[PDB]
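Just one chain follows, in the form solved without the ligand, and it is written as structure tokens.
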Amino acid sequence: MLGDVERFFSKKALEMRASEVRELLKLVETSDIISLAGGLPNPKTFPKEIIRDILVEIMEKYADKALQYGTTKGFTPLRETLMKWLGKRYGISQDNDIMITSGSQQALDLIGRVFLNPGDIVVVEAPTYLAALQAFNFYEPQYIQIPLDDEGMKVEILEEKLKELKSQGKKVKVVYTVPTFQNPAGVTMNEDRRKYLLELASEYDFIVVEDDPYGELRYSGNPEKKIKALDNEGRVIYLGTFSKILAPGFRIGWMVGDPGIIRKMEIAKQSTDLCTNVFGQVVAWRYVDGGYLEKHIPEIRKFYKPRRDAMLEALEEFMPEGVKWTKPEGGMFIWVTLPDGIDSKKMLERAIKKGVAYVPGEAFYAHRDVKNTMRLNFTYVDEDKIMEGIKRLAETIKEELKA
């Protein structure tokens, strides 16, 4: 029969809906139209030769350890090499424990699982990483959005909302942030605001989740200090991944924080799934332990830097008065802001008609209260197409301002 399965779905499943951002992504797929809506790394940055060497190495040196089931916590040597690497590169204390994941999505799912009760308050930036919203929504948290400026989260507004909540006899459970080359804003929290965030964390007693997928993709400026590096009380849970630094295909990430928190995270992961593909973990271990990572990073930076510069140059020359955009020091995105009255969601129609696409920023807001923004990607498209893409977008904006 295959009748209305609706009768079987749970309440939390009946409300579920397809991801809108994906509905248009596939819509632009297989088309000659210049798409700046994607969020994928460029396959050209994949260390294929190095991957090939590691694969051969594995099948002759660690075949059984890469093919057999592993412990839920993750491949031991990968966990050790990572902590050594994070310590000797970011200054993260060894006092923290570590667990391997499949990336931020899963890591956030576990966090929302171990920390979120229906109605708990979660602080998120505005805009914020769409994936995080997807992961936490299942736990029905109460969202509080903190706007960003050219220097990341405006922590002063956070203190304001924290005092406001306290007056209501309430508190925040978790503060989730992507402080470096944010998706989608492409902005970076300055050092003073990071410390400021940690001071609020102890004063209001909440946990900070620092999602850092793009940190190594720095094209200019000086490396920033990780919020986890400034962690003294162990209130920060740091999330990392090899997705943008190796290849998405393997899907291996990590979570670093208080050993007492990792403990419950592990137990929760035991019910979600046995363990991440061990094969991928062994590949990642060799990638870092073999020093290939340190050698490849500068190579990825060289490839993306000119693409970012090409897009910033094109914007500054083709965009009309009123249009503003962030200027990231790294990452994969540029956040554009149009004059009030303009709805990027509705302008997408006229935009694609001119041969250019992007992601309306509205999807990146928890409460969706901003409609004049949009995310642009400069890593998947070629520099020559970037100039022409930004141009078509510039005309799209100029026209919708008149008629």
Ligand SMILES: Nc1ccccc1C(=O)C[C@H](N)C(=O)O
Second form
There are 2 protein chains.
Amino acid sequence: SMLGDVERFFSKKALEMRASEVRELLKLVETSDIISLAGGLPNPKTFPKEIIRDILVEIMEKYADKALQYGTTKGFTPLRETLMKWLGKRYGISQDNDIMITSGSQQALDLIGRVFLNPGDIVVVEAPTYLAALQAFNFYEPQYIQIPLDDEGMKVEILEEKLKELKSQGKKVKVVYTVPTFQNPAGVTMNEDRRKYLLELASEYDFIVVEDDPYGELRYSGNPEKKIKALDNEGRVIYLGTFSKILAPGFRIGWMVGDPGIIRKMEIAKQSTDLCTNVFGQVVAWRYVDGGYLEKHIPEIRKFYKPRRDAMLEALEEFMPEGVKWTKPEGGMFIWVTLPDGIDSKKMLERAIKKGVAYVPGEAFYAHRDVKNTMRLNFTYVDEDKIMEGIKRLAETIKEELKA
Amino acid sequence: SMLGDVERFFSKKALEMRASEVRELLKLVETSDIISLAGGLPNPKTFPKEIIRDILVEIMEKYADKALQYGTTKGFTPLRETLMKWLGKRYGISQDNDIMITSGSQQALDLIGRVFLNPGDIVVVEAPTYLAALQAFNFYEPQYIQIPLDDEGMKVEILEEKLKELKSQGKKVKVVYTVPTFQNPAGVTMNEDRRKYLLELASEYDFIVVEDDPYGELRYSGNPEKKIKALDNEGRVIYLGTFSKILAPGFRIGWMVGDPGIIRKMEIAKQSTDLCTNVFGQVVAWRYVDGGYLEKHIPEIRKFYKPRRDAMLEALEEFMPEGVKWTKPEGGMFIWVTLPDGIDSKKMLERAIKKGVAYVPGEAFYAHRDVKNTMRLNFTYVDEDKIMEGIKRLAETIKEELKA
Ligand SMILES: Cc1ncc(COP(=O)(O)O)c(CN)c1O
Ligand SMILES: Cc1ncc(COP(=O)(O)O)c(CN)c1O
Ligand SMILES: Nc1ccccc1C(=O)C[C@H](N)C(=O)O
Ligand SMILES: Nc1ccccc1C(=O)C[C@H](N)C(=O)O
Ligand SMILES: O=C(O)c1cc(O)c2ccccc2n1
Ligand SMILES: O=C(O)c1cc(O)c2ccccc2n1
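Show the same protein again, this time as the form deposited with the ligand bound rather than the form solved without the ligand.
What follows is the entire complex, opening with the chain shown before.
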């Protein structure tokens, strides 16, 4: 810096901000010849570019001043209205909720931390959970409680046990943060009984549930789950969705659905961070949904990703040594791998990269960073030939790591 | 709320957030047939729509996957390169700076608070200053020092006095926030001597200067000022600009230019708030600049707003009673009026609205909310006939208020 010790100006929170040896390594990987399974990018082959083009023409013809002018903090009214109808009809979400549009789902998480979290408040997360929710929440200095997943999602029984111990210490949970369908990073889905069980606990222990669902329409097998938000008679769930995986990430449009008193506060919080989410992208999204394009396109997304998931699953089964394990997602973008014999996947990344493959080490997906033998693999955005090849290079990497 | 006392969940900061009685009133006024001079919107007649339409076609033809995919947190590289070349050539801003793209300049204000402000840190603002900068900064609990304006902008001599008193109390300013050209809300511009004086003080007292410049290209008379950032040999100025007034607000693209060490921290801070500013809009803004459209369009903006400023100034001169004073901006969107005889402009708004005109009371533009006889008038966004008739209704309101 040209100010020398520039840190002399930084806030306490800025002084704690660092980022991040592995994320920086993976940036560089993403630009080389290596087969990277490490990214969380949807495949641009799934962007509906013909529909987008017609919508932009329509906007410049009919909606130009609306698309181009400042919008309200709450969002573009027709998008808010069309989303609530879509969510009501498609998922059974109650029309008693209000809705705010956000600058992607990530912004919704920062706003949840601003609006709910005092330093020290306790936040429950899955172990693993979505890394950038931890990063959003960390600015507000929560304490975390981690609840492990299994193949049917959050072990809610362990949450009840941790809630009872917290009670015995005179403490309680403010927010339970869940990514219950095709989790990023785990791929697994919380079963129906556990969603209802979670809501019983939310009532009994008086907490808010944040249900963050980017991946739900990316279903390749099985039957649609019930949104936790659909089961929410008390108004304790805040539902987050986003256009990122179902339209394209580049518009940065998301939504938050929940109790009107919560929504009002969230609106006031957002107002000073950005004025409004980009209205042009909101107009695009409104046409995308209201003109029936969203519904028609989702089947093409699913058709595109399904074989990529299947390819990756098939290569894992054929190439991996005993007893590596992996999840078997019904949808979404990710497969989550556990290594045997206490291998540390973060240290093993060097070896993988030398063999031409990359993945994200799972450690940072844990609030307490205490699990070291996991990896997140992405099947949406590397060439399908390179999925088979990447999995083979990974499998050989693990073989070598396992000997002396 | 469905949760009863929903408050029980809110953070300390969220408990201290409230909607404004005046802003809510003004919203309702905008939807009515009153002549409102209270808004801060640019005129959609100045949005370059035919150019925007050509850019949108070109993006779908050649840049679709870039415009639609997630982008890096720092911003779209070509936009960042083009902006630095533009700011270098046009303003003489040094190429030793870095740049980050933001979701409007408003987001840059929130990021400045996150990155520099601990509770209690001292921020200097002009009196008046831009309301939503106070709102952004307020989440971080600064103490403010207010420095009055005159017709040549911040009275930097009063700043020196206040810096000396602070020093005598063993205290320091961390940030000086300035909107030095065609101020929102005052309309005035800091002269050249004061820009250099401010930088001498920044050096002597070791603070950072935030130079927030949405309005610079909206010049109607006079000669271009020197950017404070263009005089910045020490790397102490963070320069903010935005496409909102020179393209259209709806894309929500802004930029922050300053010392590389500062910009790296800001990038890390931003990452978890929104991932990236919407890339689609960043592609549009890149073509808008790089293809020469910004430069050709700026003269049309000026040509459009100039007569509107002039009509408002003529009407003020003809209709206003003795004792009323107003600024005489060389550019921008706003004229700032001061009432005689201790009239309270917030209590007078009631009477103004009954007479068919609205304005924003100046009180909220003061950190300490301690000046009550001021008003911000906008001339960009209602029509020229309505400016004359609005100023007349305002003048008659002031006359009535002056009795008995
Ligand atoms: C669980 C989770 N939540 C939120 C997000 C943020 O996505 P966006 O901001 O693009 O809506 C992601 C990334 N798609 C995610 O995986
Ligand atoms: C002084 C000032 N700074 C920042 C902004 C926010 O602008 P935007 O977020 O649209 O760049 C405005 C409104 N144009 C303003 O008047
Ligand atoms: N490359 C990305 C781009 C955008 C959003 C996420 C990613 C990811 O890396 C995966 C997961 N979203 C994460 O936090 O790790
Ligand atoms: N946050 C506000 C609330 C009310 C009135 C003004 C403001 C502002 O910050 C000025 C802005 N240019 C406007 O649009 O009025
Ligand atoms: O996105 C990130 O900022 C990121 C991603 C990772 O995979 C990490 C792994 C270990 C430590 C920090 C990490 N940070
Ligand atoms: O004096 C006020 O009550 C006042 C006036 C305003 O213009 C406001 C604008 C935005 C937010 C709060 C506000 N409060």
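Whichever C-alpha set is largest while still superposing within 1.5 Å between the two forms counts as the rigid core. Shifts are known only where both forms have a C-alpha. Residue numbers count along the first chain shown, from 1.
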item: Exceeds or equals 2 Å, Cα of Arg22 between these two forms, core fit; value: yes
item: Shift in Å of the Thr272 Cα between these two forms [rigid core superposition]; value: 1.3
